[PDB]
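Just the one chain here, the form deposited in one PDB entry, laid out as structure tokens.
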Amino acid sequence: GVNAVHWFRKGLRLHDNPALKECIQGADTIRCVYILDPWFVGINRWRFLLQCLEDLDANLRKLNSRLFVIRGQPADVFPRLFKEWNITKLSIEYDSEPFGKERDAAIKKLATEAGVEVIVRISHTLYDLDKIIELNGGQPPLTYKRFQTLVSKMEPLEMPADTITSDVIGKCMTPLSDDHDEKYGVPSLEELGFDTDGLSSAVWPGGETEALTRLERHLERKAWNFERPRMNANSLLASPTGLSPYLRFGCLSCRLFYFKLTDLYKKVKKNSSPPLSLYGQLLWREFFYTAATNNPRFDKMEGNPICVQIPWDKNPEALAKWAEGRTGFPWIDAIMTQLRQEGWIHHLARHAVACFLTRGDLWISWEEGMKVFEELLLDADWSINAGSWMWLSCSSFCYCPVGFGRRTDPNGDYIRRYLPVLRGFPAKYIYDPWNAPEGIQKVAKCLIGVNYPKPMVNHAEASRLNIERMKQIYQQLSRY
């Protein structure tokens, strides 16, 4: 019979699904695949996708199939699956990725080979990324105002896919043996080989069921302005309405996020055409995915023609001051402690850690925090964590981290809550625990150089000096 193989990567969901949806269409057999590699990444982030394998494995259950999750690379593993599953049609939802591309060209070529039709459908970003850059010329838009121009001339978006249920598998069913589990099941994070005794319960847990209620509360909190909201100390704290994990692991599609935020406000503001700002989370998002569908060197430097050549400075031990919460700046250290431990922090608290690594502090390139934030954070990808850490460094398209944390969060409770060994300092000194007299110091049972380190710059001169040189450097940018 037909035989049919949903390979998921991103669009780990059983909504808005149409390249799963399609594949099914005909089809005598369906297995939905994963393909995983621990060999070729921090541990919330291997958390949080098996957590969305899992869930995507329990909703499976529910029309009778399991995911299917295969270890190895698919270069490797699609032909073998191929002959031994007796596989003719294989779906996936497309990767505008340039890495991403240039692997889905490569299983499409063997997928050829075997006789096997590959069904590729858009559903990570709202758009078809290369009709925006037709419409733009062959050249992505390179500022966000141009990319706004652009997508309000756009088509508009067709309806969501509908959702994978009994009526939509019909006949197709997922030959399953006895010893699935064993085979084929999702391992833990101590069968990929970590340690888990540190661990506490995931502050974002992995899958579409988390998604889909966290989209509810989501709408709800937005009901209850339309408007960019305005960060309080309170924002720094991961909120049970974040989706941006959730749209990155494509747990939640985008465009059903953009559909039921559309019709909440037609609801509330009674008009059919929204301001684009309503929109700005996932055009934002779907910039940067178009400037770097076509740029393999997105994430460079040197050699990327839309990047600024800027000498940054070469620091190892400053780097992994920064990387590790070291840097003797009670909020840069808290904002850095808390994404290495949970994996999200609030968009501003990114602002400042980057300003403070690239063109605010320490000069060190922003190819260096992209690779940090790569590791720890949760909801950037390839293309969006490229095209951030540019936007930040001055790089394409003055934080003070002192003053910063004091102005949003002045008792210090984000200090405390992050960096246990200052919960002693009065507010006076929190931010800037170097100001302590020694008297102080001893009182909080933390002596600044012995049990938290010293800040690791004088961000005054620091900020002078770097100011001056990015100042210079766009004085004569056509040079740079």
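For the two forms, the rigid core is made up of the largest set of C-alpha atoms that agree within 1.5 Å on superposition. Positions refer to the first chain, counted from 1. What changes on going to the form deposited in another entry:
Only one entry in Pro98, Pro79, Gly280, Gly328 has its C-alpha moved by 2 angstroms or more between these two forms when the rigid core is superposed, and that entry is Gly280.
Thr165 shows a C-alpha shift below 2 Å between these two forms [criterion: core-superposed Cα displacement of 2 Å].
Once the rigid core is used as the reference frame, the Cα position of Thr143 differs between these two forms by less than 2 Å. The Cα position of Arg340 differs by less than 2 Å between these two forms after fitting on the rigid core.
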Second form
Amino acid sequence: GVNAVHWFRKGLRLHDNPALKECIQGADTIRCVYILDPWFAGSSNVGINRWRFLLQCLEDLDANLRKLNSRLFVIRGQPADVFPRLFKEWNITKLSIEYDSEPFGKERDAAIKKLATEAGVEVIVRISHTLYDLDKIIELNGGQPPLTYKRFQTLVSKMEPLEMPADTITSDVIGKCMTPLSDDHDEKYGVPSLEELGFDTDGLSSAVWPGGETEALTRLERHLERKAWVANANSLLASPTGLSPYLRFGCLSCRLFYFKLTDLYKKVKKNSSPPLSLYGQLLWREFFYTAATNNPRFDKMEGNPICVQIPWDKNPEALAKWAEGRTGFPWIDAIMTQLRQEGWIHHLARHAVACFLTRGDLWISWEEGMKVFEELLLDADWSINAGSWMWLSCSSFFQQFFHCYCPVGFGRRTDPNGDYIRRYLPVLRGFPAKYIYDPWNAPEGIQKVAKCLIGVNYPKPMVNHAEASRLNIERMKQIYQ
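Starting from the form deposited in one PDB entry above, please write out the structure of the form deposited in another entry.
Just this one chain is shown here; partners and other molecules are left out.
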């Protein structure tokens, strides 16, 4: 008969999944697969939050599929080795995927399409990770990706109204489509635990960001309700209505979010032409995906056509202290600790520790910061992470920043009372607000009363910002030439 397979990679949801909906059409059987690729492997225990989030997404998908009398099939191995066996054993006729625009996903998917052709399997591809058809954006721009966000905004303004979401997969959508199940399904295709991937979980609290479409749809309605009523040092903390990690994994459709925000704006402000501020970072997300699709070395400086060439220092000792939150600047260290512990930090906090690492203080390549964020950040994948680190290190030709963050000062304006620093660095809980952001300048009496001695209980500033930043500012201006 007609045996269909939907391949989950991103887009880990049943709502607004046009590839899955079209794959079910006319099908006698459906199997939803997720393939754990041993390509992604070798991470240490620091990368646990990404894996935990992913596994919780798969658990949620499996549970939602079970309400449809289906299951999620989790298969371990490389897609190129896995899919030819699946095609033969399940007698597959159709394979569906949500389009992936990133270059190595395009490479992977092109190879899998060749194998599908060899097996006589039709391939269904549908766009649903981004608001727009990125290739149409590139085509409208004469075949090259927009070089600036303003150019991107202008291109997007002329393009056809973004496609509306597809109906959720239901009892009715499935119909008489069925999922054949073996007795040992859970043993052979179950979602893995963290331990099975090798991670230590004995010292592990419950997630601040629980994965999955169910969590995301619940957050969406509360996020919309809170913003209607509205019509800070607590925004540095993880919000129970924050949606960004769910947008990265596809537990929440970005097109549904866009529509729900626009409808909210119309209902609250009684106006049909909202400002860009409404959409937050949705268009910047779309922009970095567009800039990366055709550039397989988007994540590299050397040989990358759109990346200014800058002689960053090689300093792994300084990089580690930055990555591990042991810089001596409580503001910077608190941010890296929150990132390491929970996997999300505020957007302004991302700018602060990125400027600190690259153009501001350490003169270390944006590539190294990207790799640490790649390991630790829940809500940014390869395109957006490479794009943001490039842009924020002044390595994009058309975005020169005139401003350089202060590692002490920026924190004081944001949390005058160092509540944020007292939370993520409790060893400084004694220090008062006048010294909490620069503990080195506190007298030894106030240090001892606080029961933390700089240099012993907490480390001293790793550089002098005034000295370092002035030189790096002079370095960058020379580079422009």
